[PDB]
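The complex is shown incomplete by one protein chain, all other protein chains being positioned as in the whole.
Letters A, B and C name the chains as they come in the text, with residue numbers starting at 1 for each one.
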Amino acid sequence: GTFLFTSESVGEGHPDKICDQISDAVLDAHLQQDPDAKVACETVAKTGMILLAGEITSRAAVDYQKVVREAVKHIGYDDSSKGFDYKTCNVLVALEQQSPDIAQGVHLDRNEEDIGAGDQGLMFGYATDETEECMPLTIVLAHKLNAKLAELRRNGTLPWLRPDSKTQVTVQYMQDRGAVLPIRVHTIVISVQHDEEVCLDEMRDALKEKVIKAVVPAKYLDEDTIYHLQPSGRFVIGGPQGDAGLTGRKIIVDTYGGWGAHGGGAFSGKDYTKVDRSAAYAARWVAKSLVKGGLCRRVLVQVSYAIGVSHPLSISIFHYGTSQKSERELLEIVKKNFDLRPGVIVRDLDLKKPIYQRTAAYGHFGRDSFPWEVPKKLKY
Amino acid sequence: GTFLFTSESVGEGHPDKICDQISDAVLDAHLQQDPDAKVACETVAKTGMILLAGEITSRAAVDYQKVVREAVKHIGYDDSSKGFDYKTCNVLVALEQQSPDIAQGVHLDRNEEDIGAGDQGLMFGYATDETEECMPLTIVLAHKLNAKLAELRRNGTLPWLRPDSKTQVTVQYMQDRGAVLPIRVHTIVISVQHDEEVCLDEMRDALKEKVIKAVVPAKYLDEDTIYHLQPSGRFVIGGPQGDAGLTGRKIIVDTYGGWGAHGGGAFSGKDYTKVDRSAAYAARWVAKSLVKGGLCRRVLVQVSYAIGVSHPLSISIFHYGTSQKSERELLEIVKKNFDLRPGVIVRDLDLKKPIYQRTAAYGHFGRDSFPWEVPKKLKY
Amino acid sequence: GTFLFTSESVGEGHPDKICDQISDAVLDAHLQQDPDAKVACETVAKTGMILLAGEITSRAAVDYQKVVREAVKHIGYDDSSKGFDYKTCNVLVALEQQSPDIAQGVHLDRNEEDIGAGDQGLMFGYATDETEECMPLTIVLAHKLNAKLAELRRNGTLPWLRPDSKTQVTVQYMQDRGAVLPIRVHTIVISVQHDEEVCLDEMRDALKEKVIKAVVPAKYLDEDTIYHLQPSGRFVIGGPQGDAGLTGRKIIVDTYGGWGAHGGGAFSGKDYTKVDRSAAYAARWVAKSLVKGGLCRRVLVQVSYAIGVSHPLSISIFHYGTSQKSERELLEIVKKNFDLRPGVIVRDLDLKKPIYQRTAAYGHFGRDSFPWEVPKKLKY
Partner (left out) sequence: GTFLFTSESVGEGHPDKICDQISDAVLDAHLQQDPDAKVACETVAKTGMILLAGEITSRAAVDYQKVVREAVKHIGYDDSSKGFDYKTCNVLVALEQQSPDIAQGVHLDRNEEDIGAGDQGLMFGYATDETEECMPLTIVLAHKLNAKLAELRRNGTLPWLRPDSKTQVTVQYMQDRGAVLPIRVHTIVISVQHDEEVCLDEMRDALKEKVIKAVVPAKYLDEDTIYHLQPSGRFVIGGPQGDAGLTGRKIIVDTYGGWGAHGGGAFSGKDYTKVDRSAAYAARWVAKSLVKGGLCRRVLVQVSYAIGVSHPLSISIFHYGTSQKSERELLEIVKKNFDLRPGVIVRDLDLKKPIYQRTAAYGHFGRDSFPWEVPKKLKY
């Protein structure tokens, strides 16, 4: 009856997450001036370099140097001794207008409600009753361990901490009629960039006492729990200097930590016409509405689109046997209650608001104060 | 009892797939000279630009200009009229050595069998008895539609075709005791870059008669099947000019098309010490061995690692109720029969051989002549 | 009594000259919207790449992709078969604001007439009565040979010509009391990029009959004149693909072809507060005013500046013995008649007008319709 499941998360200074945050800072900067900006901004990070590459058509006047450098400052990379500095890094820009062939097929001369999907693709939403926020415990804990590191770095409790971090949590679960019940934490991994001066034993002691014990309820930890803390032994070189970063290379950290499924599309740097984002957000909204509405305990929702077509091509519901209603019955409830055209999702979820930089670390789901996390009351 | 599932694939000239192929061309070039090369090569593509960024420590002498340009030539981008040309594009290189802090924690002064995982992470393998190659029909068909386009482009049957393409296939399935049985094709999408001179009606006629009807068995197509062929209406601008590409932004196309699960790690540009690749390949091998061995009809396998630790932290088996044996029983069979340390996987699957460029389009799984696709005979 | 002197020139598609033209296209684009734009734009060209690097503080909204690509189109690089294409090349931008430390020292809170020099430096102007335009015959002929090539390329007379070209002219002169008198052309070199299909003998025949004989008066050519036409034997690979280009690497071609002197400063990509440009233009104006005013036959003028100081630090006149007046007397005439503060030069020479792209090939001096080429009437 029991099994293991593992999820990971990364910190705000992880090189891939730096790129996601920058891409969404750029998106927000455009939306502040032009709510209808078309944005597809990829970021690449390596030693001393932020490169912006992609397509933007917008009426906004954006200072890319300022936006990029302020985002990196916020993350905490402000000195060459940390391996990266917002004041002195290179910022290169290779941005062009959106292809007119895409524009004519997707949104030119179309009513906002009837805007075509900005691309083809598939997307999944997922929800589980195992936590109040309707997310897997494995990823919730992984995120919280990274957030605790940032907190202790920023308040001076552990001044040897740097911004680049990774965590991983293995939980032992019991099966419960298709739902899952967390029993204990089996293994925790933490790797975090650090200054030259602190030794390994001090780091491992702090990671156990001030990070893990501050985040994970004691009821989940026991004599058998395995700890891999600074398992490489040394992590002075970090950030983009240690490892190249790219936008959209943490798509499982951004979503459900391996639970449910993923259709492949990245979120960050994209406006609402890119269904990779808007439709994945709507699918989460559907999944969370089904669980918080008491129709099931655990659920996966698939949707798909074709470029230039407003309505989804397919919708599917998988409830793992956790509902008295059939999956067909749930599908019909979803069809009666949701309009999954991108031009309607934008209204329902306020997707022209410049709130995207907030989403780009610690996961897009199970977080405070987003429209896709507020359940819709269902009629049936 | 029936449901829809959708998967996509992309062609060799899709900008993300260009980057995956280049990253693996670079990997292969190093492995040809130095079997123990440590490679973490990211590629970025935009109008007129290939950028290499990442970390390589190798004894090989590699001409990056030649490797990159030959890969782009193979894909078919050989003239400015197509939007990209291997002869005249910019190739920029920002490659450094692997971090010594990583090297000391992972492989320096370690026995090959006892090499630590090159990073933390989670990985999944999947197999399904619905096709002989043990892959989902949705993605098999999607891949084959892109390969047919490349074939007809290269043999001059449809000389208006360009290298950038995307396909998407929705299949109606029936449930069968946890396994899945394909009934019909519900919807097909094809978008492909084209020359200025061909009209939309000629393209849509050719896409139906010479591509779809040449790939999809007639038994799956009927009067109700939906066709979205060149749904944007125009796709002259394409390749990196139309849309920026990055390595590792097609991870679901590379694997199972939404079926099973994904741990988040990209494959291309990485040597065998990066468990994102080696352990995902081994997990496929386990999944396919369980199905071809008659122990189940459909199966998902999770594994996870910590950086610097050779043995996996967790292993999990999910059989969807398609075995007479318990999941615990299958886990014990897997533990008795496989050694999932990266330093052993490398031997079993010949992962120092320069065969990776072959994997970087049309999916890494269900393909001819790879060691991870040859089942292991199981003792129990 | 006789001696040789040699000067060179390059065509509009020479890689260095591509960069000068782009830098001045960017300058003009800013000046069209903001006459007080502070611009220091460097351009770099290599295979498939235009990079903009430098400092701009301006109220203008400039589309750098459009400006760069239109400039390259004008030059004639419009197909991958020519080695470079404005439609498909990479354009990268690394532009920041002008340093506030420079701004505060040079122009903030200063009256326009009393603006400080934007940098330290030295500059020279030169004029010679040997041609009506008051320029050395060697460089006048070199420029005209490149312009003839562009003409015959653009009108289809020699359709095998490509935009990248270089010329060089050696003239035998006689001394005449410090002035110089051209006697004959001693040697001509022409190298020009060409298509694969034309042979060397056809090219050399055309270069003699349709280019040289169309430009150089027959009185200068004789049986002893030496011709080095396509002396490398093959020049198919050309433009940035053959040789990297940078802004400000043709400063002698831009000025006097080795005659007179040079202080080292580049012209292109710089607004009027950069005395490298404004003061060199004023010094030409002084030199040409002295010669056209009948005060001398040949003259060199030096000026110099310190950053943040409005008046020149030094002014010097060298007349080669070609005046009845002393050099001291000429210096006093120049001091009475010219105000060489950058904030006054800007008024006199209309240096906020967007006419700089015009200057960036075929030399900045001896050209039609520039204020620095119209003599000032001198009082003394």
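Just so we're on the same page, contacts are C-beta pairs under 8 Å (C-beta built on N, C-alpha and C of every residue); 3 or more make two chains touch, one makes a residue touch a chain.
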Which of C:159, C:217 or C:231 contacts the chain that the document leaves out: C:231
Sole residue of C:11, C:121 or C:343 that reaches the chain not shown, by the stated touch rule: C:121
Selected residue (touches chain absent from view) among C:46, C:82, C:148 or C:298: C:46
Residue among B:4, B:10, B:19 or B:92 touching the omitted chain: B:92
Interface with the undisplayed chain - residues on subunit B: 61, 65, 90-94, 96-97
Touching residues on subunit A - with respect to the absent chain: 46-49, 79-81, 83-85, 87-92, 241
Positions on subunit C contacted by the hidden chain, ascending: 3-8, 40, 42, 44, 46-47, 49, 51, 53-55, 94, 96, 99-102, 104-106, 116, 120-122, 124, 166, 168, 170, 186-187, 189, 191, 226, 228, 231-237, 241-244, 246-253, 257-264, 266, 302, 304, 306-309, 313-316, 318, 327
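Basically, only the chains that are shown with their structure count from here on.
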Distance from the mean Cα position of subunit B to that of subunit A, given in whole angstrom: 23
Between subunit A and subunit C, centroid-to-centroid distance (C-alpha), Å: 54
Shared interface positions of subunit B, touching two or more other chains: 46-47, 49, 241
